[PDB]
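Listed here are the chains, written in short residue letters.
Protein chains: 2
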Amino acid sequence: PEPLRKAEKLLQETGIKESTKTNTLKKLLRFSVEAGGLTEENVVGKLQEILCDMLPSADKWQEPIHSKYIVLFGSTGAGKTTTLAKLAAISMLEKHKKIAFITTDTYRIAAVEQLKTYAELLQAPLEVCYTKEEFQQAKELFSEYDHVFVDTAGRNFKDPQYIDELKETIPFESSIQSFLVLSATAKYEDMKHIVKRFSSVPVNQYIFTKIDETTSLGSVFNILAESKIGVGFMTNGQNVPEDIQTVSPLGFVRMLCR
Amino acid sequence: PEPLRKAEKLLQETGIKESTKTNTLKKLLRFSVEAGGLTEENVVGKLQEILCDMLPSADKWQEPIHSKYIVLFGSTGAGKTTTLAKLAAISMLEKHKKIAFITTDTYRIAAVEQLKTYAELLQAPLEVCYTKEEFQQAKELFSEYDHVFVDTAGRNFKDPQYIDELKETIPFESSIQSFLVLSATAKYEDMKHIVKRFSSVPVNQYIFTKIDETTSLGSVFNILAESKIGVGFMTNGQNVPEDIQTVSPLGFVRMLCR
Ligand SMILES: Nc1nc2c(ncn2[C@@H]2O[C@H](COP(=O)(O)OP(=O)(O)NP(=O)(O)O)[C@@H](O)[C@H]2O)c(=O)[nH]1
Ligand SMILES: Nc1nc2c(ncn2[C@@H]2O[C@H](COP(=O)(O)OP(=O)(O)NP(=O)(O)O)[C@@H](O)[C@H]2O)c(=O)[nH]1
Ligand SMILES: [Mg+2]
Ligand SMILES: [Mg+2]
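First to last, the sequence lines map onto chains E and A. So the first sequence is numbered by the entry's author numbering: it starts at 109 and just counts up by one. So the second sequence is numbered by the entry's author numbering: it starts at 109 and just counts up by one.
Simulated from the structure, these hints should not be mistaken for laboratory data. Some hints could be false.
For identical chains, the list gives no copy identity; a pair is met inside one copy or between any two copies.
[What the hints assert, rightly or not] Below, a list of computed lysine-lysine pairs in the BS3-like style, where the Cα atoms sit at most 25 Å apart: (1) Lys-125 to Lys-114; (2) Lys-194 to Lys-266; (3) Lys-203 to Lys-266; (4) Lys-194 to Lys-176; (5) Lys-117 to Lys-194; (6) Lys-176 to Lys-125; (7) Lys-300 to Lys-240.
Take the sequences, apply the hints, and build the full model.
So this is what it looks like as structure tokens:
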């Protein structure tokens, strides 16, 4: 092979598991030895293209915050709370709307004080529910609001005891835009195990945090690559609410190439 | 192949990086082609002994808490505070000691309010610090206490700035016993780096969190293999102070080989 050695390093520099890494080159060389002619230059673009088609239809990416309720659940320490912040500061100080807050984060000591004083800065309300009875109660209390940002308890979502618990408190229906927050820092094998666990709970988009601490993004590719949905936002720093962006398939696939 | 193919299978299962398996096998295959009888029954013995002889010696592991000042720094959301927390209750409640607290986490919003309303529970003193002088003072104020648990801000240590702010704010002398906090969920490649950026600052042990949340421990081995210090602590849940533990080189390996 020739300009392929060049592309074999690319797929290697990225995360991308083996199954894929190898399968991509298969696809490249096939539709290449028959299609046109590869250059030392156009290898990547052709490379990026093929990859991009392994993800979900680009329409499944960049779904804006539309529905009323905006919930966020995920791994412990990835960016759940600090993100709702970044989002809220947008749905108010930018798209000018009636903003509210609700939290399910009980389990941890003084865990609430955080968002508690996060709202105190956005002059928005806040409710803390320990039972769905209270959560729905909370939904009425904000009825007149455009967007109600929900927060959740950080939990090791492997043990099933916790996906039940989540579906217990929150209802999940018509007016809810769920988001699964994951850190681009997590190992693929890990993420894949929990993603399968949220199979029993609806989810609109992906939120991958800490892309700036990452070293590669292939671990993120593999997750999306084998999923129905794409990614909503992607935090990229601590600074609130600046450090946070949004991306599209090919655009992502473009950060991916190490 | 032979009873060795088995060892070939175990290695696969662990997150161990290729080069290491290749080498563990050359060792295994060597000291068995001119040695004992790798009964597929006692093959798992040497495969661990070999691996074990690759991490720093037992003496570099399990360094108990002695110094008057205990410092924990590390990746974002890894589990520094909950850990600094588990570590404090244990020293107090179980080892009967005069505990004290100190924070440097001025960055994270509400970070203080929580550690304070927690230190209050453990009924212990806490002093916030924005400068090196302030810290040194508190560090000198608590001079009468046995142990002083210092918590730090979770900045992304890829910007040498913060690795400097750390050494600046926190001096580092005989009195201190620092602990680098990394999570068992991170990819090896990410840790491979962030461990170099910390070369300047001295580190006594290592704290790997969320072992109850990861799938394999290969990455944690990979990091240790090419290190000069072992692990002090490991955490396995969110319950304080229960979910915390200690391991030995051979003990850690027994966790890799399932
Ligand atoms: N570099 C970086 N750090 C981030 C990003 N998002 C969150 N962090 C950091 O990760 C840490 C934890 O964030 P936080 O929002 O509290 O996480 P969480 O998911 O709510 N934690 P929990 O599940 O415990 O409630 C903070 O120190 C924060 O600065 C990001 O995009 N980049
Ligand atoms: N499953 C599990 N979760 C853990 C463990 N240690 C910490 N966590 C979780 O990880 C999250 C972050 O913990 P925290 O103490 O805020 O981490 P930190 O390093 O102080 N965060 P920051 O750098 O943002 O200040 C919490 O949701 C906590 O429950 C552990 O051993 N197992
Ligand atoms: Mg949170
Ligand atoms: Mg903390």
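ask   = Broken hints, numbered, in rising order?
value = 3, 5, 6, 7
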